[PDB]
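Given next, in structure tokens, is a single chain: the form deposited in one PDB entry.
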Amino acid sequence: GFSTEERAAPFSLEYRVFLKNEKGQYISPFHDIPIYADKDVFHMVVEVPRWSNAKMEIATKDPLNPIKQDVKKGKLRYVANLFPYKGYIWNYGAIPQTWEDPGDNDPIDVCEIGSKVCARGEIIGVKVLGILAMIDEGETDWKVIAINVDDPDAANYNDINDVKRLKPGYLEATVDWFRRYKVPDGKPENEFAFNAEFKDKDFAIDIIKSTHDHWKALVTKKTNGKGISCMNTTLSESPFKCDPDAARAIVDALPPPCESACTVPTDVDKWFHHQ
């Protein structure tokens, strides 16, 4: 289906993860992966495997939008181990061809709850089960809740109550994870500082389709891109389309693959307890 081309060493500053289609052509995971994998099955770009810490996401401003590691004041970012969790507690990522339009300014986020740990840059199909709406100091932050359609138990999951039923504690832990991530203190002062509520599958799909329409406007130049890189190699109706062979130079000009990988700071091991 899709595959990955990794440039430079993982957890280095130059590390990039580009996506390739069935034919070895470089494509943007933002723009060139269809939102739908099949009827009622959404594509998901996996950005971080469950239980990892590196904060890696689609580069919304880089040509071909490769996955790369976030950087804060010159240092590569890792999420904290929030006791009792190890790193991210879901496969975490995004639905391609969507754009929370400002809004967070990138593809709509997905928490994927299935049993398989997915790889960085892996493209999976997911069944949308619901959506977590969070108020973070007034702003709206959406997290789709989904499960790998290839999960052995996928047939048992069709709405958010199924998550409550067959994975007790998962939704609570999700809210807790995001609350302690956003308010490192622990508890916010009121529902403006942090609020959380889950909505069902139909609501989630309405939100997703809305962000897909916003993306449609983005890649057809009907809305200010606000710095988003819209270069793509497959969208026939997009003025930002570029010849695939021309786009290969974007990858080939970067350091070659090196899978003798940089070691992760020991500080990432530390576990932070809520007091």
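Residue numbers count along the first chain shown, from 1. Only residues modelled in both forms are compared. Here the rigid core means the biggest group of C-alpha atoms that line up within 1.5 Å when the two forms are laid on top of each other. First, how it differs from the form deposited in another entry.
Taking the core as reference between the two forms, the lone member of 135, 82, 160, 123 whose Cα moves by 2 Å or more is 135. Positional change of residue 173 between the two forms stays under 2 Å at the C-alpha, relative to the superposed core. Once the cores line up, the CA of residue 185 ends up 2 angstroms or more apart between the two forms. Residue 198 shows a C-alpha shift below 2 Å between the two forms [criterion: core-superposed Cα displacement of 2 Å]. Regions that shift between the two forms, defined as runs of three or more consecutive residues whose CA atoms all move by 2 angstroms or more after core superposition, comprise 134-140, 182-195.
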Contents of the next structure:
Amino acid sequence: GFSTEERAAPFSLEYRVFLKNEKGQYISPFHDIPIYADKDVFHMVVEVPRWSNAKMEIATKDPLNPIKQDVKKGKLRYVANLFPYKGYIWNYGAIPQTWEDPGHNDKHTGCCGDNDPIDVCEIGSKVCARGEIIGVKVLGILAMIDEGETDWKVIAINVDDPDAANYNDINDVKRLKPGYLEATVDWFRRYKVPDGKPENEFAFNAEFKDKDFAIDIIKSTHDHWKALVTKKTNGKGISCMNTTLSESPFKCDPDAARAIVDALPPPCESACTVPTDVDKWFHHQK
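Instead of the form deposited in one PDB entry shown above, give the structure for the form deposited in another entry, please.
FYI, this one's just the chain on its own, none of its partners or other molecules.
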């Protein structure tokens, strides 16, 4: 359904991954990819493949949401290998046309939105690619508190997984992939510890909520997103520019999108070398 246009070399500061539809029009992965792929099937924008380390995400404040690599203190960011794990333990990404409005306090957690699309942890066997669009069955949700803010972690599976029919709610994950949900909480708890930050906290005693609860949350975030691109709520720095939303004042001609991408350095097929330190293991007393 979709394709990728990459500017500059992977793992440089200039690297940008833009999205294209079937006709070759540049689109925002944040705004132009429909939340649903089919009945009961959500789209997922894949940001980081399982077992990779580069911290890539949809650029919420840059025109045309590209996916790009996070930076702190001037350095390209890579997540730790938290022993016994290698990098990211699932395919990781966002559900498009979702937004955690920072104006909205969540009732269950008491905190406000983090201003980002809702995050998804995809648990299937296939290792997906950066920028790939897939369809997923939602299974459950985790409520992490990320520095005072509500940060939902949706648990899901690629609808095209050979075993996908066996997974319909969160209990199937406990049953068919034991230790997995436990590892997920552990990972999100400790992932910033090697950066000299404390562990993260969770609502609901770091328990997972089921499918229906997850889908309720996702629906709300989609309604908040509706308000965003339709200009009935303060955008708050977010770039709403899009290429397909008829009902949006922020819609733009495909050639204006083209002008943005072309100002950027050309596609460089050869990735930069990932620093050697990234391969290090971070152990801890358990």
